[PDB]
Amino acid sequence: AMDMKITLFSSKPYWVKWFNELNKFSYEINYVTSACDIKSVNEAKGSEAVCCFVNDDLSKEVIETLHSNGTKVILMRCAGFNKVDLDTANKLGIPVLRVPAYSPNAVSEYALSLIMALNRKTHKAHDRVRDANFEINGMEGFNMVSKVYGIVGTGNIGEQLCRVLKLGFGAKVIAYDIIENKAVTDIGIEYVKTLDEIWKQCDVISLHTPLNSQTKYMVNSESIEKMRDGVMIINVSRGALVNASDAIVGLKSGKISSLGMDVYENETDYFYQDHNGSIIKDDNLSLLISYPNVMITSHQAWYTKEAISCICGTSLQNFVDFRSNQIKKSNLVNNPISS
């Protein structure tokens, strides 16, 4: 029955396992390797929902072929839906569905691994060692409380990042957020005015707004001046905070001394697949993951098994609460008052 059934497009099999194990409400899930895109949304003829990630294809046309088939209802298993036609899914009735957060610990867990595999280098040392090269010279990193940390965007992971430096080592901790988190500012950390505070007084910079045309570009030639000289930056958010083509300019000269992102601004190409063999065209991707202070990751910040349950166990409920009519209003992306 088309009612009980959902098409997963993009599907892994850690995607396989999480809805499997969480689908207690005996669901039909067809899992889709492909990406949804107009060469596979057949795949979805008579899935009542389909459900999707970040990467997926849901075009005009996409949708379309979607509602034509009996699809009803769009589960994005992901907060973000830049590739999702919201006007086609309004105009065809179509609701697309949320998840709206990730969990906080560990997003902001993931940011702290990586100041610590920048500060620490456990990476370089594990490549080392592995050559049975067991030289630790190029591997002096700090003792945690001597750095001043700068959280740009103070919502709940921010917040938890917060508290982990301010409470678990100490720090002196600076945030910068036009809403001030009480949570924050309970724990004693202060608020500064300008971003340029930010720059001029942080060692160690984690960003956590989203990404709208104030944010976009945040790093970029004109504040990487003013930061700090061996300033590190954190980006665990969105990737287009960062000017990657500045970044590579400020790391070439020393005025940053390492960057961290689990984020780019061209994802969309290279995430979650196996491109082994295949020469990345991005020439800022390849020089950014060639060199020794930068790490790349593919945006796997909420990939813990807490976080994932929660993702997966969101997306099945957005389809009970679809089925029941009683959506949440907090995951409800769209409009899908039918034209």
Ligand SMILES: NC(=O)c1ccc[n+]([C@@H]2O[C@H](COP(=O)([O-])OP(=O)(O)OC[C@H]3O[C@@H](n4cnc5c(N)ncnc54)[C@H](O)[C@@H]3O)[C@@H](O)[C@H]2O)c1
Contents of the next structure:
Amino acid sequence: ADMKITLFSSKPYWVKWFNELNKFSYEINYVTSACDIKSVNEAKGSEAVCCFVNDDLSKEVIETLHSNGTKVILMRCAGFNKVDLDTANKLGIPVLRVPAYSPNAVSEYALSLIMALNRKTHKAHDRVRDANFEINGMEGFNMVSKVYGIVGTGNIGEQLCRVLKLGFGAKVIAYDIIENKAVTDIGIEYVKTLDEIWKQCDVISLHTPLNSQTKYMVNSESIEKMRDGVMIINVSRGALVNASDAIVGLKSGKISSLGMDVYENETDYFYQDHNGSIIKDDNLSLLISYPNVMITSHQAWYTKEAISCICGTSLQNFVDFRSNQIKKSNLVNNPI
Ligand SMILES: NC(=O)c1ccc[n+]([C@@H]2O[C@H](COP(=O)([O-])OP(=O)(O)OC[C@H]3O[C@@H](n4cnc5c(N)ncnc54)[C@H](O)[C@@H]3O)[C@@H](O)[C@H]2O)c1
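Form deposited with nicotinamide-adenine-dinucleotide bound, following the form deposited without nicotinamide-adenine-dinucleotide:
In what comes next, the whole complex appears, and the chain from above leads the way.
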């Protein structure tokens, strides 16, 4: 019990890294299933549980977890939108996240999606595999010929700004409620209203969190106000884009391409192999089938450095918990 971790939403990459980095003699119970009320029993007698972005740390499961001997929750990710902190606080349970995995991983993936919808290397790859070497349809653009707008000049945003403005010499505009200095210091200009981003930008990448303001940022109102042939990247939170609006945009031609590593109803799909079963989500089924849409299963973060840091940090969180030395930066809630 005292040294046992039950790790929910296990996959081979989790096992591989958590073992490699487990230098502290911890017993790890890897559960393939996700942490929901049907699964929370598997943690019985486990002092610590480790969860990921799509686990269900709801009031009831937390209560069960506490009523069965677990005392610390380990978020092996920086997000916690699905953890009822209040239940945890009242039960004296710390939740401990990994606030800082390499943001370059997410920014350079966002670039990846741009390059891919641009030069269409996947399309090329799918054709050549079928012995079709015709390149009609794969005309791209020089990177400097488009105006990139970044919404959210934070930790990931800032990086995408550097690589663009610095690596290609492109014209880059930012919209943010604050104003990251690193962005203004390399001659990138901020616009006061998003309405300017639409008017001026050819490819837009979103790097804000999801909140009552940013939700459905991309919708019919804004899509209409956008340029023709706009490319939209979104590797942040799926709900920044109203997918059915986005489809209308794509159908009517207003939107040239769409790249998303995240999706509003992603919880019932990502990370799992569901071949042979009908996706019942029609927007998601359609987006996947459209030929100018990149949809990937929330993997922008998955580099060697990011997952090494994630696992190593969660394990470290456990040892900190037990030496009563929790790092302020990793404690999300406030238990008694
Ligand atoms: N694997 C993945 O796909 C993955 C990995 C890490 C982070 N993310 C997502 O990327 C998003 C941002 O990442 P980050 O680490 O750079 O966060 P961050 O705190 O460093 O930056 C968030 C920025 O959004 C700015 N902003 C501008 N307008 C805003 C508005 N109207 N409402 C709220 N914020 C506004 C804020 O000032 C802030 O700087 C996160 O929401 C996170 O969910 C995805």
